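Single chain ahead, written as structure tokens, the form deposited in one PDB entry.
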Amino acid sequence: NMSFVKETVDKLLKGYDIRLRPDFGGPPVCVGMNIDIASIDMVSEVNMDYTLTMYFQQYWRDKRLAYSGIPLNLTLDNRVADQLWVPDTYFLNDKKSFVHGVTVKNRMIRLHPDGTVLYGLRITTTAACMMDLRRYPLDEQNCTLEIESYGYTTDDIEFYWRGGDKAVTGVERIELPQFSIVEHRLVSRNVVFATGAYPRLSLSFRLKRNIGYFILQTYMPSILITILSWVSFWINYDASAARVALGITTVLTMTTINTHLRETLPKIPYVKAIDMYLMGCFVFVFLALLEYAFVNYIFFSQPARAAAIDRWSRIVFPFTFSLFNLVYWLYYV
């Protein structure tokens, strides 16, 4: 039974021409695609890309590889792939990619009696997607992967997703430390160039960033420092050393918060939503210390007017700070 297989396999490769596509000169060859996502990691805002590991399968029928008399699917050594014709598939938005090669090259070739060829690869790729971070960290992203043929047109090759919307699996098992995948989508289309149409397949994901890390590290510390700056309004205005020290130390604490957040957050050199909130809090503590400058300057000549300014500051500052939050959160949530 093994000798009959040895004879049959050598028969197929005798006279086989690698330079000619299946059904050469006739109808285009149809290729079906499956993707089995293994892991998604390293979503980089600075580099504007993500790293993806997957199993990539391609299915097509080649009549020159049809055999009979053996009721089996023939899994051959993966080095036989260099002796056959394979599609010239590539990824349009790929920055860096490789095929794993331990302990051997992670490649598979499988044959079927009707002539169907299964061709699998295990690929890790870094794909580029633009990120709009104006609403960071309250932002959503949409990153894609584009599949196209380098040399052929729709008169030679055609692409389709094998299995419909079930052609891509493994998204439901993905866990991202900072994001949560909301949806994935499969699009099949042709691109009409001047030289004819070109097949393309597209796979897209929509990401929604998590907020729990930023609430306890960014927003809450800034809110509490602003509230502590209102303690000055309840201290007597003749306690100049107590109110000045309280006022100026809250300014330094707010500066310490902002500088260190810039050190830890990803370097995105344009105005985001997070920069507006920290700057807004800094203005409030700046004005609270500026309020005591007026009171201290007039509390001797006009002690009654200086007392009225402190009482109104106890109401205007908490009311205006909640008004700032209401406008900020409506415009960003």
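Each form is matched to the other, and the largest set of C-alpha atoms that superpose within 1.5 Å is called the rigid core. Positions refer to the first chain, counted from 1. First, how it differs from the form deposited in another entry.
Aligning the rigid core between the two forms and inspecting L92, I181, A245, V187, the C-alpha positions shift by 2 Å or more at one residue, which is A245.
If you fit the rigid core between the two forms, you'll see the Cα of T144 move by less than 2 angstroms. For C30, the Cα coordinates differ by under 2 angstroms between the two forms after the core has been superposed. A movement of the C-alpha atom of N258 reaching 2 angstroms or beyond is seen between the two forms when the two forms are aligned on their rigid core.
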Contents of the next structure:
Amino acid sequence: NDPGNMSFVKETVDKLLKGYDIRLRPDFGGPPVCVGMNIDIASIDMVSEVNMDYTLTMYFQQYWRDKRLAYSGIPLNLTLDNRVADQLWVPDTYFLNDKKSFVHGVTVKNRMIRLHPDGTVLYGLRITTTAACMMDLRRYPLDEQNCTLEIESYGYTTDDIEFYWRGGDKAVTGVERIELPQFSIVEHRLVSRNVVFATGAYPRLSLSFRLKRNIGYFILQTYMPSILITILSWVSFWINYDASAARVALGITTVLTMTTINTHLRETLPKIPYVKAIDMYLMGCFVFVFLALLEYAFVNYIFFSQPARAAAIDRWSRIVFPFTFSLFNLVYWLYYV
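Requested next: the structure of the form deposited in another entry (the form deposited in one PDB entry having been shown above).
For this one, just the chain is written down, with no partner chains and no other molecules.
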């Protein structure tokens, strides 16, 4: 009789689950059951360009109405043990573009079932997915990626189930509390639509994040070493022309260090058949240091015929090389920013 009577609530639940067919969706053979979805993103763990995928952790909650679960006489929202979820109908909601996802199970399966007097069911899961995000790296590291999560019903068509973002544009929360060390979340968008496969029309909810890659790490790691090596190569121009060994050592060391600057990129990137921006900058710097070495080679080659022309070429280079490199940096940074 009283809500504090445990046997009465047990009888209510047993009467709810008596004759319950988990094989049928609510309102079977009639209007489709509408499911509302919310996502509370705990964190985006990693964004791997090598595998071209991002790892996400979220509280994914679905909200629908099963009239078979409506109870009368209890003025409370019955939060039931998660195991009861094995005895109810739940949507066959899956993530279209995932590769490895699971529901956490410590200390129990991270899953929540809550029933409402009007029959409404709230079903929540803590899910860690690894969704595939195809990235265009033509502007790496100054690129801007768009990674999406696609949510769909696997077996039920639009005649049987319908999806919507419960709460409108505020359905997905926690985006502003995401710390990606190498990325920043420019924007996120929610999309709802229907897609027509050969088996019929299926609902679809899309959650898209536009990430922008930072630049500080690459400045500290790649661009500054290349600029400093190029300037060190320039330093040879003020050296006296007679120092053959010194200038050749300068050229060789600069070229080899320029080659070894970014060996750490063959492991952090996939195999792509195009030039990135970092490859363009490295190629330009290598071309400049190699041209400095060739300039000294020409100076040595024509030194004997004209002792003054070698000095003239050195004096011209002292100014021509820095100005040309500055122009190259200007066009490069205006193009990619």
